[PDB]
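Presented as structure tokens, the chain that follows is alone, the form deposited without its partner chain.
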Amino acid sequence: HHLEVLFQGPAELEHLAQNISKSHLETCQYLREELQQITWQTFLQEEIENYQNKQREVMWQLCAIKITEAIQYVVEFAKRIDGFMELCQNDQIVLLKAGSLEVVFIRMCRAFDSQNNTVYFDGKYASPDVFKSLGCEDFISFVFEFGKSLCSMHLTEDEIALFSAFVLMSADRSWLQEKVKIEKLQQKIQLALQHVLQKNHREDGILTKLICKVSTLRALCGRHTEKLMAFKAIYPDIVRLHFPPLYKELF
């Protein structure tokens, strides 16, 4: 009893860390190790040429399909975050609309080869050149730069899990009803994230460097929306008839 009391604090942090870490583990398609083992499998020059030969709307539709697949996993992750299912549906939707793609871009660092500037896409590791047909060179550059930036931190799976849960449970999203409840949940997550970070590298104070990225994510995801809207303006029927419904619902 007395021992249990002496441990209650750190125990709680560890319990929350382990819970989120498990949820992350169980909602990623591949193990970190599996992705790392195949970074050499880049697209062949002919394959790259084939993607570049695709028409803008074709490449867009493909990217939307693949993003949506990743988002599905993120939705499963969200469902497992304690507190998330207790929120009103309105807030669950607001949080997912804003944060699902943020988590996708965080998860990207696991499937990103920083040394070679490539990302796991459609079966193999893709350089920026693979995405030329989108007509979004600056955005693609931004994505890969973010990949490199986040990779530079050498985040563990648990760190990614907790950081993902942190940006998802953001109390400052527009239009939230239960801001105070969400804020309290995020605070608890931040403490567990800090707990997990200084367990590996008390060499620095990277928590702030991590939270610094929070702003970049928002900008990156903001750009994605802006571009999707411009694309939709030009190809309304492609979006209506050929884009994944979940993607349309979210964005």
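Residue numbers count along the first chain shown, from 1. Only residues modelled in both forms are compared. The term rigid core refers to the most C-alpha atoms you can superpose between the two forms while keeping them within 1.5 Å. Compared with the form deposited with its partner chain bound:
Aligning the rigid core between these two forms and inspecting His201, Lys209, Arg223, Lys66, the C-alpha positions shift by 2 Å or more at one residue, which is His201. In sequence order, 201-205, 233-235 are the runs of at least 3 consecutive residues whose Cα positions differ by 2 Å or more between these two forms once the rigid core is superposed.
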Given for the second form:
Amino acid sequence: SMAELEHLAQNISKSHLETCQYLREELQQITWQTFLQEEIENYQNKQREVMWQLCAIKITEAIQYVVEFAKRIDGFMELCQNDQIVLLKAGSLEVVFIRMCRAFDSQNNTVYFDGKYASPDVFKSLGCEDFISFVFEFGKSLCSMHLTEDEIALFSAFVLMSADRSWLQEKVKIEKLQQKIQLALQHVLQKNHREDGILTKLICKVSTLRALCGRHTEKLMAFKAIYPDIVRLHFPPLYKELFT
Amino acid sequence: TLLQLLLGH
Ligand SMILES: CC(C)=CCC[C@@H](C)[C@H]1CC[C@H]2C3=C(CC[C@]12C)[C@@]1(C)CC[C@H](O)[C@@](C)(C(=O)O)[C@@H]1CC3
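Complement to the form deposited without its partner chain: the form deposited with its partner chain bound:
First the chain shown before, then all remaining chains and molecules of the complex.
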């Protein structure tokens, strides 16, 4: 029913609001708060492996909030333990990239990182300007859609509840929850007087998201293959656990 | 494991 979709949206909306690290309006307010050239050069002087470790810390902190986001979605908690893990392994970073759009300046192509808005040049030492460019591209694209917090919440829940992840056990139950989340997202988008082409634009973004996470995975696994002791000893346990 | 812990499994 319509009431059931409204309740579902409220559950997911409140879970998101409770588990976002920063208020949307606060992030949007301080886009003028940018790294100075001296600060940029400081990051650029870091060796590749050190810059990566710093970035993994930030990613992992974001992921801890996403784990809590998932835990407060009633439909997610109803799933078996195996499927919860499978979904979070495959989907947590996707949610992080969606959440990035809340902390992105689409006009100036900057992202809120380590306390200030950073250009791609901040990430120079990672040695993968193509990947970084792709990340900023996704951010700029999503951030320019001006999604509300509730729309971001439902879109986040939608990608997390992907019934097509490998190794899932309760495929049917997850499919049901995902379909209902998508109907709720459609409803909210319409209510906010979005054109009907809004949702199909978002669905297209899902492919981009998986490609992004795909790159991150292959980069990390290559790093682990050459530098196994660095990964084992210096990267966050949750990070190693989710992605390696 | 750590994920299992955080999920309360
Ligand atoms: C090789 C690697 C690891 C490349 C990744 C580098 C870059 C792209 C990557 C490293 C750190 C990471 C990051 C975010 C997404 C991508 C990005 C910037 C965002 C903005 C998402 C939203 C979260 O709310 C918020 C604000 C947070 O956790 O506070 C974070 C801040 C830290």
